[PDB]
Each structure stands twice: as C-alpha cells, then as structure tokens.
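Asker: Take a look at the letters that make up each chain.
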Amino acid sequence: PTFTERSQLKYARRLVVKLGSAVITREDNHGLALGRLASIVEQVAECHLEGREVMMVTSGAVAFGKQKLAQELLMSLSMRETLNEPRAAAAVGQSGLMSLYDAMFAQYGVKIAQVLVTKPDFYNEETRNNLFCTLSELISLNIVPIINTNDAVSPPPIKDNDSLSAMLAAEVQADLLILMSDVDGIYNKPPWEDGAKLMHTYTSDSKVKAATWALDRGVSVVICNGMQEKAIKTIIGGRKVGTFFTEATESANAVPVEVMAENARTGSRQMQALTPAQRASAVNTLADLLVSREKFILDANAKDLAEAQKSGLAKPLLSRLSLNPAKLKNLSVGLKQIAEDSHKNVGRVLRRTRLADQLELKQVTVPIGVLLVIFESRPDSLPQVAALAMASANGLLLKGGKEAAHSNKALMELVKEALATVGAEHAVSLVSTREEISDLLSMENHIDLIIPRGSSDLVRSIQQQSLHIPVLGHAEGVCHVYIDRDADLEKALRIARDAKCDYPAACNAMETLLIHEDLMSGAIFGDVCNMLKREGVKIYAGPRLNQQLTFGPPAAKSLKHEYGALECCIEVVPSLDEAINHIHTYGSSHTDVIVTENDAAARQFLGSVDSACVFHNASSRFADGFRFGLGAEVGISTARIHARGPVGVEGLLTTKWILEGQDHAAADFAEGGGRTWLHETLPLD
Amino acid sequence: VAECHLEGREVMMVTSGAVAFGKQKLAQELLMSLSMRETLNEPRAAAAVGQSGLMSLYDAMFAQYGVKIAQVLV
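Protein sequence lines correspond, in order, to chains A and B.
Each residue of the first sequence is one higher than the last, beginning at 60 in this note's numbering.
Each residue of the second sequence is one higher than the last, beginning at 31 in this note's numbering.
To be clear, the hints were calculated from the coordinates, so they are not data collected in a lab.
Certain hints may be false.
[To be verified] For the chain B half of the interface with chain A, some residues (derived, Cβ under 8 Å), not all of them:
no.: 1; residue: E33
no.: 2; residue: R74
no.: 3; residue: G96
no.: 4; residue: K98
[As the list claims (entries may be wrong)] Some chain A residues judged to face chain B by a derived CB distance under 8 Å, without partners named:
no.: 5; residue: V151
no.: 6; residue: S158
no.: 7; residue: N189
no.: 8; residue: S195
no.: 9; residue: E196
no.: 10; residue: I198
no.: 11; residue: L200
Quick reminder that beta carbons are idealized off the backbone N, C-alpha and C, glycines included.
Could you build all of it, start to finish, from the sequences and the hints given here?
Answerer: Quick look at the structure:
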C-alpha cells in the first residue's frame, strides 16, 4: 500500500470506483437517482480527462430491471383483471443502464465498454489472465470499462460486487479503491449504540473484510457515502472524508486524541487535592529548572529558529522566535510572582449562609478543567500558561505551531518533569505536529475553553471556525479616543504619542481618533497631524472631516478596518453623545479613553460607554493586566460573559454549591414540617 | 421486426458482428492516441466495445417503436 496519507491521493494514477445499489435507486423505487448518477459520472469524466486511470464497477441492475418489469406486467393484463425474478430484471436493467451511462459519458467525449463477468471466471487462471490483459488494453486505450457481474444468466471469496471490486483492484494493480456505499463511514458500534466515532483513518464487516483482504495486497482502500455530494473530487481533493485505510501510526508516533484529555482530567482531579503550597512548591521548582537548564533550551531555541530562518516565513513570527536569558530571567521572576500570589486562589469560600437549624451552605471556588491553549509559536508563553494551569490546578491541553516545535518539546519535557516531581502525575499533555485544528475543535465534552493567544489571524480563524465551545480572546482591537473641548492640548499630544507611536502592532493599540469639532479650530488638528508626520503616520479621514476640510488627508475604506501599522482613521463630531453613537456603532467595545478636565461630561461618558474598559488621561497600552497589578494574565476577553479584557487567574475558576444538612428534606421545610428559612449571611471565612 | 411483432408474433433476434463494429471504434481510438511525431510516417477488446455500442443503437431504434429490448449474453 504505497499511498498512506490523505495528501498522497493527489498522485493516484489508476483508481477503481465502485457504486452501490443504494446509490442508483431512490427510496420510492420509482426511478433512478439521476442526480447522483450524473454527478458521479461528471466527477469521473473530470478526473479522467485529467489523465487518471479509472474504471467503474456498477451495481443495482436488478432494481432498474424490477421497475421496468413491473411497468410492463401492468401493461399486459386484461382490462377486466385491472379492475380489482432475478435474471429477467437483471438483463433488462443491464441493457437500459448501459444505454444511460453511454449517453451520459458520450456527453463528455469519452467512450465506454460493457464487460460482464461471472464467478467461475476467476477460478480459471487462463480466463483470469485473458480478462486481465483485456482490461489493461482497454484502459491503455483511454476507455472506461464499466464492469459488472453476469447475473443475467448466472447469478452468484467473490460473493458480491464488493469482493469482485477488491479482487479486480488487486489483479489490475490499481492505486486507489473507492467503495462509495450507503453509510458515511465506520464506528466502533452502530449509530443506535454507544460509540458513534468516525474511523477517518483505520488501524488494525463484509465490506471491512474485503477492505482487509485487498489492503493486504498493495492497494489503498477508501469507503465513502453514496449520497455525499462531490464525493470523488473531494476524496481526490485529499480532504478527510470517509474511512481512509492505512497501516498503523501507533502511540510510538502519536496517541490519537482523547487519552491525553482524559489523562489530563484525571491528573487535574489529582492535583485538586494538592492545594497547600504543593503547586506553589511545584512552580518554585519549575522556575528553578527554567533557570537551571536554559543553556539546553537556549541552544534548542537557537537551532530551531535558525532552521525556520531558511524558510523566512514571517518577520513578525521570526522576530517573536527570539529567546534569550533575559527573557528567561523575566519568565522565571514572573513565575515566582505567580508562586507568590497563587496561594489561595482555589477552593476559597465565597458565601457563608445558614437556612435552617444545622442547615448551612457555601459556594466554593473550583478549577474549570480541560484547557486547550492554541497559539502561533511564541514559546515564551508555554511555561507562562503552564504555570497558570498548575497554579489553578486545572489540566491543560497544549497545541502551538510547527515552528520551534523542538524548543516547545524541550519546554514540555521540562515542565513535565517539574510536575511529575510533586503532583504524582504529568497532569498536562502537549500535542503538535499536524493536530488537525478543526477536528479537535469540533470534539466536545472533554475540552472546556479555547484560549487562542498567537495573533489576530488565529482568533479570527477560530471564531469563524469555532462552533459550540467556550472560546476566549478578542477579534480585533478597534480602540477609540476622544478629546473634549475641556482638555488641554499637549496632554492629548503625549497621549496620542503613547497611544499609537508606542507599539502600532499591538492588539490593544488604538486605530482611530475622535475630537470635539469645536476645538478643531485650535490648531490642535494641525499639531497632531504634524506630530503623526513626525512619526510618519499614514492618515485617513472620514465624511465629517472630508466635508470640513478642503484638501485634507485621503479617505477611509471602511470604518471597521484594522491596520496594525502607522495608519489611523480620524473623525470629528460635535456631540459627546454622538461619540457614544459612533463608538457603539463601530467599536469592538474593546477600549476607550477620555481626556478632559470636567468630570460631569467625563463621568456621563464613563457610565454610558460600554467598552470592555475605559480610562481618563491614560493610554490604551495600559491594557495588559500586568500593568493592572493583576499578575500574569492569560489573554484579553471581549466576550460578553464571565470575563472582560484583562483576564487574570480568577478568570480560570468557577464555583460549586455544597451543603451539609442534618437530615433535612425539601417537603420537610414546607408547612408540613417545623422548618424555616434563615438566610443569615454568615461572615465568610 | 417491430412490425411483425406489433402484429403479435413472438420474435427474438440473435445478432452477430460485434467485433467488426468494435474494430472500427478501436482503430479510430488507436489513431487518436499517438504522438504527433509518430503520426508523420484483439478479439475481446473490440468485442466488448462493439457490444456496448451496438446494444445502444438497437435500443434507440427499437424505442422509436415503443417496444423494449434486453441484452442477454451467453
């Protein structure tokens, strides 16, 4: 079986389609699946005019024949009686079906040739070889030999069209093999069972038996879904459809998906009972080991970035690939601060209240569970997020990028060691090297939270891709600035300086500007535009300014665009309320800032604006959590739930209600029992 | 045949000459599949090809008269 991977399909030369009887007929048994049939034939004529070697093996003649025979038998009775067989249908259907195929194909210039066979024809070797050389000749002549079994005179380990197709594919020595059947694939139990798990690849029934048999002779077998649209062009498209069949890539190559997740769940439950300074000691040891074997990891990083450099794929990426013992020291000290602050994050009380005699309760913090972080290779965060997990005592699934994968593996074994030290388990599992983002993205019930961290491309591709799963992270940092008629100019000057000039590539970086039109005449417009020129900032403009000015800067494509570089649209309005309108109209509710000296307008703004965060005489670059004294954050959430913007450690917990009644019961508290409600909010511990 | 059968008689042709038609088709193809350089100077194959095409032709012709046919190889 030369081919082994669903990219290698691009290069199959000789392939053998095989349609099932379910494909041809409908459920009404009143015709054909003409749409499906002609679709298959169009795909085959395409993939053959390409140059490939293709030879269908049909089926379902008897169904068509039965339709025809029934109609005739109706049409041949006495009108009196109207007022109250394998071989026959076989032959009739064979004729009509060949005619139909022939018209359809000749619509594409190609030519066909019926070839009927029987079972004993395989037992005579000479017959077998005559058939073989015949088929090879036909194919060599650019012909599409539509094979079938001579059921018309001799109905039938060849016991079907399927085993037939297998034996053929072997003898013909073809590349591929497609059993376009009724069902869509394979599971470890019927759909009306437990374990509806698709066998997108198959390691190592009648269908499956033939699959085994043939696959043991050099062919590469597939099984698709007959009713699955654009089947063949997509299988050749390489995309994972149906149950591909190849040999094993066992855990020596990769644990498939889940065992990692469940191992992580288990170890999370383990460390759940390992609170008091256990994980603190763990992160202490981890920072130590980070500063103790950096030479190894420095050299791994150096070599891996040097390897990636020959590709030269992305200057931002290749620059983030920088790693030096300065960053190592920064990571170590941040992790030390994590160890410090992470003392009593978990298992902490929130409420203390009694309802009845000896009937108290509380609502206690608790890890979230299985976390899947995803990020372009910025390996500096790997130990960061690992420390976050092991402080929060929740498991963590890891999947970065192919870049720096070796350095990532180094960091991974580092942290795995440091955790196995105390924790009794590597309650963490990395996986990389072609981890089919969409697939595990679709998998549910084990993962909890998607944490994209790489860059805006990642978060976008996720949001558009992610479906039915808690995600995090913003989509784009379309910040907004407003300056009031009650604001000194140089303030706004240095403010816009720190705003745009500081790091235009940031996510939380400003990309717009809004000014009270009243003060437009105060030369401040010119001041700021000239300052932007001092920084060489591309300036766009909007309808209000274009109306206002004569020559002016160029226009703007769309108010809801982001640049990431020295480009910032600028608009101007009269009304603070109008500012509210515009912001809410375009802004991502991500960030905002007010520069003014009156609080009345300022506080009205603040109370009215619905950003993720608002400010006063400050900088959008303040949005880093670490700047908030929040400790090591994990990301920036614009989602309307559970967390806003700076997401520290607490954004990685939930609560759990616990109660200890004596013998209490619900109906007991009703008037039928001497039980009351107290709701005395006991002072939390 | 369609006449003498719409009359009511019982008729069932037994054709021949598939290989000739097949040879015509095969020759044309073999021409159409050479390098333009070389252009400047088998029972079973023709059998099957002719069988297909011939059955198609009979089928169109007969269906022009309402009757229906059915290939039977032996």
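Asker: Among all the numbered hints in the text so far, which are the ones the structure does not match?
Answerer: 1, 3, 8, 10
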